[PDB]
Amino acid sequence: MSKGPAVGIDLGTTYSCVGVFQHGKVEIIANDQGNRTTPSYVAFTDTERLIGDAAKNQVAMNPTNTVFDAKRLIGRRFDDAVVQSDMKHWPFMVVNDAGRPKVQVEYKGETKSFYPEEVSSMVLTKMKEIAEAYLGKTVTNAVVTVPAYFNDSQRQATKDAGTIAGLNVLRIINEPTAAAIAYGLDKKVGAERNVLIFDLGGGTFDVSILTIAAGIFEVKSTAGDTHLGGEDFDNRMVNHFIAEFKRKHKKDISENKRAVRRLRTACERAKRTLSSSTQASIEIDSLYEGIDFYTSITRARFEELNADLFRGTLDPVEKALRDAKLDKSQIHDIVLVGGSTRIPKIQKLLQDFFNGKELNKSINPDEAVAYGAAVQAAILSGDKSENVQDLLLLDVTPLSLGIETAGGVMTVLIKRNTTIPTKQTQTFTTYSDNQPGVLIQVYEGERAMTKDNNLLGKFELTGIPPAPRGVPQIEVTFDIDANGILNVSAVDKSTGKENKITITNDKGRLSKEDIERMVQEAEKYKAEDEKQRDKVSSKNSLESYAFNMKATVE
């Protein structure tokens, strides 16, 4: 049963990467031309379909038929605005075939249209063969990564792209998570940990704040820039020089395209140099009108030229940190991913922002994602990962615990991940005037409304002395002992009367899967939720009725 291990793939916008976990080590597969990453390009000519390095190298000559940025369409509807705004930036065509987009090209003389998922399948196919060449055995099982903001639609389209290329997609995990996995930030289990994934690619920038605990991943917030990346920084260097030329020789090399191409390439190499040297040389023989161009930029002017672009970097970090509701100091880990994160200045800013905290960057930033996806791929096929046999780990709550408050809303008493033997208490009041009593109803789950969580038990507390709405004081208590049992009790603070219910939290009633499946939903609905997070107000208990009364309109 050793006919094909597991394959991890980072389906990136501009480039893609495929690695594999073999012999207790991750290995990033180089392609047929020696590259670790492969351009996500698919060119169509009158004699063949090109993919990867080969397609991209001829883009200059066959612009209208060399497609790229398919990841920006995947799962979307032709009328999506994001799509309408992007189309305006591409050489090739996008047509609307019954609601969904299709790139149209001239292939072998004929006009052809392709769904995005297919364009991607072509990328995954070259990726698949890259692996099969290295492994010498057919590749079938693969983990494909995707951005955290992607919606169900996009996830399924990314998944269809793999099955179209004969790939069985074990699972789709988020790029921020895959990154964390590559750095084994999950296997560090103990206290709850917050992780900020700082991803700066060739043209995409994404910030993610993850909370890991008990090997479970929850996406707290996402933020970034969908049109910012390395390319942009090179541009800053390219115009710099165009001007410098026009100023030295009173000649604008803009007319000539090849001149510009040559310029942009020289700058691309200089940027790389600048990440590890304080200067970079620029030598182009007969750049424009026979004129030779020989100069050199200092990291300082490079930084000066992208000054705003670089600092702007922290805004999405700040935003993300806010939407995640926590201070910079509450971040346990910072992870660097994306080629652009090699730029000294970017690192300086990120680190000076966190007061010198150490940055996780040892793993090639371009491979981190493909790397982790490869690691996650093994575990789902056969890989030693039983850390729960050394002694006694840290027992925390699997799912948030709580009670229904007027309106049918969830009010947590003990959020998930709280150490195990703890008792949390909170006070409530009646909703309407002279309320007979309150209905205590224990709920579990991570969603905002109780209808979206699981009901574990309920008990009433009658005998509340008639009082103006908001006067009675009921002290609810959630007590969880060592062995995991939950005891929910309510006390009317004006009399001493109480009532309790013991809930059997014992038995593997929740597998790793259930938790995740549920956390994923909570983040998939973080909006309807963070917005429903304003429906009513306060902590008051319903007139002794579960929100299982008559539902109304839309």
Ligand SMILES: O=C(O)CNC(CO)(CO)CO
Second form
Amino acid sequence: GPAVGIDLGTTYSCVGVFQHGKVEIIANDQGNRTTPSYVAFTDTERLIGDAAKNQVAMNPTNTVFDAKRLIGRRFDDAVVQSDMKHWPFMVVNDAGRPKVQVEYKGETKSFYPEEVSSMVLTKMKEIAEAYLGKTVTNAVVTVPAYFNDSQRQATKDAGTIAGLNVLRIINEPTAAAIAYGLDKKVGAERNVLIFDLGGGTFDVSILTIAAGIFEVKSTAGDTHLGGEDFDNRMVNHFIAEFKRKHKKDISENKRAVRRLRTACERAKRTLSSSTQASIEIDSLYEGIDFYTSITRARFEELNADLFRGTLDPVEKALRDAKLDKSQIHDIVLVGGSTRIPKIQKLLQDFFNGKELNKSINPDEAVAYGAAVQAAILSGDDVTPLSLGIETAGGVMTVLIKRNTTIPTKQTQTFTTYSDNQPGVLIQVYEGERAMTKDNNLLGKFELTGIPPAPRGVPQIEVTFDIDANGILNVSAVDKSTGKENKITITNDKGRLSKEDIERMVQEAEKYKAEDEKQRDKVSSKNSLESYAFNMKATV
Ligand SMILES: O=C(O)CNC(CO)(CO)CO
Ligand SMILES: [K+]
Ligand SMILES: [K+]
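Now show the form deposited with the ligand bound, given that the preceding structure was the form solved without the ligand.
Following is the full complex, with the preceding chain placed first.
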């Protein structure tokens, strides 16, 4: 049958299907297009989704949430340890592997984070099956771009337990871009900033999209910032107001705080579309009815630090991506909290008036992209890789960047690394990695007869030329004598598939921090040696 796209989120999960040329976000039993990522254990039954969240106050100890925070992690991690403080459910050490302890049918039961996530995936699969009328096995599950291999594997394992065959694990920012069809946009290297403000998590990702290939240049955000924090500021304000107006603290009564929180959540939604919102609660504390109103401006004032702090991760992502704000070509809003007008104004003003892509429901965009990717996997002139030469230390120095329109001619000047160097070896490589060993060797040629001189004085000009056919000609000239040597590298049709380019870009993303340190180690950027570093029998 048709494959489904699943957004497994920390607070909420969404499932979508591409059928008859259209993506449909599938509603649950209660008519909700988003299902809470909550699993509840009771003396008689196991509850998943909205039902679990509705009874959380009654059974906090046995209601589980924020499993995505523990997936593919270790009990020792500071994140795990810090998070446990705010969780009513028990997290226990099992040989350093985090597991949740709950009471189920009178037996204490412990479950892995992937097991809890599998139960959420089971509900999403069931929601899809009820809508489709057919069993759904194939699925594409999304993960945060910063997730490591163990977290991604743990997510795939959760689907495997659920009975789903996970065709691919894809980044949530990449899924949002696919939903907006940024990949299908014409041209070269569009830079995309995904601004994701969920209920409990904030993510900012910069992606460069070129010829259908996505590269995650940078990631930034706050794992503990979301819409709930905005609700908390409103709740604290109203508790203070009641204490001033009626001289009572309602914080003692759990039900009173819960009723106020629900009113604050409804008011925040109203404030997204209206200037003011009304709070009406009967007998909130000691029989006193609380009837009051809040303006959008007061809501903005209560959350001013949180709203403006959103720009700081955007600034860090731009610095890590080494891009100016002007170089961003597309901005995508993901998450319900992005509906807030102040957040949109702060981002648009920071980007000097740039339009924001908000057209697809922010809560459903990641699932929408996952569904398009699932369909593509199921039935449903530019340069592919960076081209460069090896510099001293086996470093890759790029002369032609990936996705550069062809024909192109690029020239750089290099020097000897050793005193009285007789010659230089020009080694041509293809790849996105800092070291040539991690890149592909295309050809090598030798320039010799260099006049004896101190290191840094001989000048060797290397030129890369691509005739429109795509044939690469690499030439080196000794500037002192005019002596030259060149290699012609044939472009075989089908040498690289789309997957081959994707794997090498994904490898560069996985090792970006380590790759940067290797670039920092060599003092001179363009010094050339007379030997292949990869074939040296040292270290
Ligand atoms: O909360 C998260 O896990 C990430 N946020 C999204 C919800 O899953 C996914 O991108 C969208 O807000
Ligand atoms: K997801
Ligand atoms: K997020």
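For the two forms, the rigid core is made up of the largest set of C-alpha atoms that agree within 1.5 Å on superposition. Residue numbers count along the first chain shown, from 1.
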Legend entry - Core-superposed comparison between these two forms, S16 Cα displacement 2 Å or beyond: no
Inset, instruction - State the core-superposed CA shift for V94 between these two forms, in Å to one decimal. - result: 1.2
Inset, instruction - Align on the rigid core first, then pass along the CA displacement of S537 between these two forms in angstrom. - result: 2.0
Inset, instruction - Using the rigid core as the frame, report the C-alpha movement of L135 between these two forms, one decimal, in Å. - result: 0.2
